[PDB]
Amino acid sequence: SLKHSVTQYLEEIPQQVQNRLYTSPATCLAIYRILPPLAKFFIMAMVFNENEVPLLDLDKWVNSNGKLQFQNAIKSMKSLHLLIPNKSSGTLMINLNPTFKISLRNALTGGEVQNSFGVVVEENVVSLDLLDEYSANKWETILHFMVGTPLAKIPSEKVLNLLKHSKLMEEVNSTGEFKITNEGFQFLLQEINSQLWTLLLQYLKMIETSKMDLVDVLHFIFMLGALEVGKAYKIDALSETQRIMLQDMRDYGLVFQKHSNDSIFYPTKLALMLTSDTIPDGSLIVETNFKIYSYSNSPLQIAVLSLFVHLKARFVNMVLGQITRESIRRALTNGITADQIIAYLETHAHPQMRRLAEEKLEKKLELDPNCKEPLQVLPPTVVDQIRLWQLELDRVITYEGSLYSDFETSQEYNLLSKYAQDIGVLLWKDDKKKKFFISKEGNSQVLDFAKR
Amino acid sequence: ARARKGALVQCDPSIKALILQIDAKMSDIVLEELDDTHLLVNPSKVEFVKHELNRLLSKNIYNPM
Amino acid sequence: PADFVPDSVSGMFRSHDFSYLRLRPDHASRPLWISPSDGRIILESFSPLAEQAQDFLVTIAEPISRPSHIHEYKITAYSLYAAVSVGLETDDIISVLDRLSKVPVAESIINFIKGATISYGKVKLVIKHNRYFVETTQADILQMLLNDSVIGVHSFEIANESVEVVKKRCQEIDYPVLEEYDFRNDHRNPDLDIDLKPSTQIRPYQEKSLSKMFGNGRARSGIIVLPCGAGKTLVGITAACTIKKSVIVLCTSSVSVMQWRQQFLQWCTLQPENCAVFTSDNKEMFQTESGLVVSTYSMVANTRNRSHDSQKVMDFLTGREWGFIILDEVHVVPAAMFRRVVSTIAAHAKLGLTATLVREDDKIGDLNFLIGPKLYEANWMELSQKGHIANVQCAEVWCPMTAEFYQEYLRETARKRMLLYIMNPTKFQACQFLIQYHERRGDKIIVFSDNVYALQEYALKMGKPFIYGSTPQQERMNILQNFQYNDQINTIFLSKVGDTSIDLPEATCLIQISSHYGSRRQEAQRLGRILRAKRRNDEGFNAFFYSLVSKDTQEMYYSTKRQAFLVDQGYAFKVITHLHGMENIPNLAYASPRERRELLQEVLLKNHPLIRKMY
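Just so you know, the protein sequences line up as chains 2, 5 and 7, in that order.
Take the first sequence: its letters are residues 5 to 282, 334 to 507, numbered as in the deposited numbering.
Going from the second sequence to the deposited numbering is simple: count from 1 and add 1.
Take the third sequence: its letters are residues 101 to 252, 313 to 767, 830 to 837, numbered as in the deposited numbering.
Each hint should be verified, as a subset may be incorrect.
Said to hold, decoys possible - PhoX-like, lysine-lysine: derived pairs with alpha carbons at most 25 angstroms apart: (1) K488 (chain 2) / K60 (chain 5); (2) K487 (chain 2) / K6 (chain 5); (3) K734 (chain 7) / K711 (chain 7); (4) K495 (chain 2) / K51 (chain 5); (5) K215 (chain 2) / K183 (chain 2).
Derived from the structure by calculation, the hints contain no laboratory data.
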C-alpha cells in the first residue's frame, strides 16, 4: 500500500546511504512514523538511554500473544538498519543507530537541526482559495491528460517523460496518442496520498543523473511532509539540486510559488497528504439494465467513467451513462481488468445500494442461517456480465515459440521434453503426438542443447 | 528431427473449428493440427487471426446502439 | 444554453451536456431530473416525495424502465393525451413538474407540453346508426383537412374501412382523434343489467388500470397490459360491467372463447341467455335486445367463403352497434386482416388486453391507431413483490457445443444449423440434470421446444410425455390431467401449442430447449405459464425459468433478442455456465463418444345410376 511501498524503497537504499539519510532530523522524524507501532514504541524507549540494550529485554517487553508483531518489528528495524546488533559476552546486544538517535533526540528536544524543518518568512497567502486551488489545478491537469480527455492545457514535458518511462501510461507513436495501461487505471483506485507516493517513488527511481543527489531529494520530500500549509518558506536553506527539484514539484503541484526564481515557496495541501490521510462525489447507482447514474460534477470523475461507461447525458448532479459491451471492450483493450472495474463500481456505490444490500442480506440470513453470503452491494447480473465480457475478450491465449516433432526415436523426444520440463519453459508435452512446445524465451536453451 | 517457425494458441474446440474454417478460407493461417484444443498458428498472422475472430463472433452478439 | 461555457469533459456528450441548468438550492428534496433533449424524466425512488411524484409521472409519462433505485420515464404525445383526458390542465402539469424537478424545466419541454396538450379533443370519431362520423366543435378544422378526403355540430361521414387511415392521417397532423365513449349519456344503445357479483374482489392494480380507463367518467379506448395470472380477464369483466352495454369479446383460440364465457358467467351477474358464442360448433345468438358474444379473431376476420349460418351471424354482428369490444391478446390485431376486426365491428369502446405487447415487426405501434393509447403498463416487479404473480428466477444456461456438432454446424445452411444447435448433447445433459434436480425438489416442470423432432427426441430420451399439434385432444387432456394430479408425472414437454392461449396446469419450473427465432412475445408468453403458480403465498417460494441455449451460435443472438423484452420488464437473466453435479448424475444423455456420434449421424440423416358401380 502506502507504508509498505516507502518501507520497501527505503529498504532498497544501501546502508551507507541510509546513515547519510539520518543526518537531517526531519527525515528521521518522517521515517519514524512509517514504522510499526511496536517498532515506534521500542525506538522511543531506546532513544533516551545512551547505553546499549539487550534484545532479551525487548522480548520480555512483548506479551506472549503478540510475538509475531515483535518479530515483524525487529525484522523491519534490522532490515532498515535502525539497529546495529552486537555480539559481546554471548548476548545479542542491541544498539540504536547513533545518527538516527541523535537526530531524533534533536528533533524532539529542540536544538541543532540545520533548518531541516525550513524557515518561515511570515508572509502568507490564502490556503483554500489559492494554494488548494493551485494544487487541485495541477493535479486535475495531469490526471485529465493521463485519463485521455481533450485538454486546452497539457502538463509539461517532465511529467510526460516520467509517465512514458513509467510502468504505467503507455504510448504508441504509430497512432500518435497516449494510452492508459492496467496500472494506469489502477493508479486511479487508491486515494491521492499513495498516488503521489507512487509518482514520487517512480521519480526517485528515475533520478540517476549526476545532477541529482538521492539523499537531498529524500530530505526535501520528508521536509515538505513536515511543513505546514499556508506559510512561505525561504529557499536559501536548500541546495541547488533541492532548488531545481523544488521547481519540478512546483510543476507537479506539491508546492506553490508566486513566481519562478522567487525566494519563497508555499507548500500546498498535497504536501501534507504526503505523510498520511487526513453523499460523497462520484457516488454511483447501478441497475440491472446496466444504467449508471454517478452523482459527480467533477470532470475527473466523469472522465474516468468514460473509460468503461458509454455516457449518454450529463446533468449538474450526475452523468447518465450505460455500461455497454463496447465500452467495456474499450476498457479491456486498454488492459483494464474486470476486477478493477468491479472494484471501482463497488468503492463508489451509492448509500442506497448499501442499504438495499443490507436489507437483502438481513432477509437472507433469517431464512438460511446455515450459510453466510458476502455483501453483494451491486447487482450480480452486471458483475457476471462484466466477467463474461472479460472472458470473451480472452477466448484465445497466445504463446509464441517452437514445437519439435518428426522424431523417429521415442527416447530422444522424451529426453528433450524432460530437459524442457527441467528448465521450466515447456507448455505442452505429449508422447502420443511426439510434440512438445516451449516458449520464445525458452527456445534458445533447447536449441543450443539440440545443436550441441 | 526438423524445425519450423510457428506460434501456439489455446482454445476450446469451438474456436478451434472457427480457425479451422478460416484456414480453409485463407491458407497461410495454421501449419498443422495439434489437438482439439492446441494449434500452431503462423506468427505473422496471429494478430490477423485475433482481428478476424473477434469480428466474426460478433454475429452471435446483439449490439443495440 | 444559459450563457454557460462548456467544460473540458463536455466533449463526449453529443449536445447532451445539460450543465447549463442551474441546480436549485432545495434540490435534494426534489426527485426529478428533466432532459431537454428528448423529454426523458429521471426519477429517484429512494428520495422523499417519490411516490407522490411516481403517480404523477405514471399519469403523464410512459415508463421506459422501472428498476429499484432510479426510474426512467418518457414524456410522449399519447401520455400527454391520457394526462389531459383525466382532467390535468397544462399549467398544472408544468407547475408540478417545475416543483418536483431539481433542474429548471427547459423551454423546449414546456413548448412540447404546450404543443402536444393543445389541439386535443378537436376531432372526434362518433358512431351514429352503425355509421362512422368524424366531428369537430370548430368549423374550420373540417375545411383545413383536404389531403385524405374519404367523405361519404360540424361533421362529415367517413367510410367504415377508412377509419384507420383517418386516424393515422390525423395523428400525422397535430389534431389527434378523441376516442371516448360517454356510455352514461348514450341512450340509443340498449343497456345491460350486467354487474359484478358481490363475492368477487378486485385487486388494487386492476382498480388503477380501470381508473386509467374510466378516469373522466367516459370509457376511453385503449390497451391495458397485465401479466399472465394477474387477472386481465377480470379486468375485462369489470370494464364490461362498468360500461353496461352490449359486449363483443374476440379471442385467439376456441378454448379461450369458452374460458371467457365461463369467466363472464362466473364473475358477474350475466344470465346465460344474454351470452352467446360464435364458434364452429356454436352459432346461435342471444335473442335479447343486448348481451354478450364471444368469438375468435379468425372467425370474424374470415375472408374465405364462410357458411350460410356464419354469414347470418356476421351480418347480425355488423348490423348491430356494439357498445364495447374486448380484444384479448391484442398483439395479434396488427396482422394482415386481423386488423380489419376493428372496422368490421362498429364498437364505441375498444379495450385491448394482453401480456405481451411486442411484435418482431414495427406494426406494434399501429395499435394506437387501431385500438387506442397504452392505458396502463403493469409493473411486473411490483406485482411479484406483492405476491400477485410468482417471483421467477430467470436464468440462461450456456451449453457448450461439442466438437463434431460444431464442425457440422459451421458447414451447413441455416435451417439445418437450427436443428443442429438444438440437439447438442450438452443441452441434453443440462436439461436432464435440471429435470432431475427440480423433480427432487417437487416442482412441476414444463419444457418448451418449438422444434417438434427435438421435442420428441428429448421426451423419448428422458421418458417424459410430450404434447404438440398433431397429438389428439383427448390424449392432450389426459396428459394434462396426469401432469396436474399424478405425482409420477412432473415433467411434460410442450411445443408451440403451449405458447398460445391454451389451458395448462400450474408449473413452477420451465426449461426452454428451443425457440422461434427472437420472438419476444413467445418468450414472455412462456414465462407467463409459471407466473401464476399457487405457491405464491408460501414464503421463500420462487419459480424457475431456464433458457437452455448453445454456446457460440446464433442461439445466443436470438436468446438475447428474446430476453430484451424481459429485461425491459426488469427481470435479470443470470447466466449459468456451470451446473454442480453434471458428472455425478447417474445416467447422462449421450455421455459416450459413440452415442454422440450416433446422435450426430441421426441428426444429419434427419435432413345413369348403373354406371356408378365403377366409382
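### Message
Tell me the hint numbers this structure goes against, listed in increasing order.
### Response
1, 5
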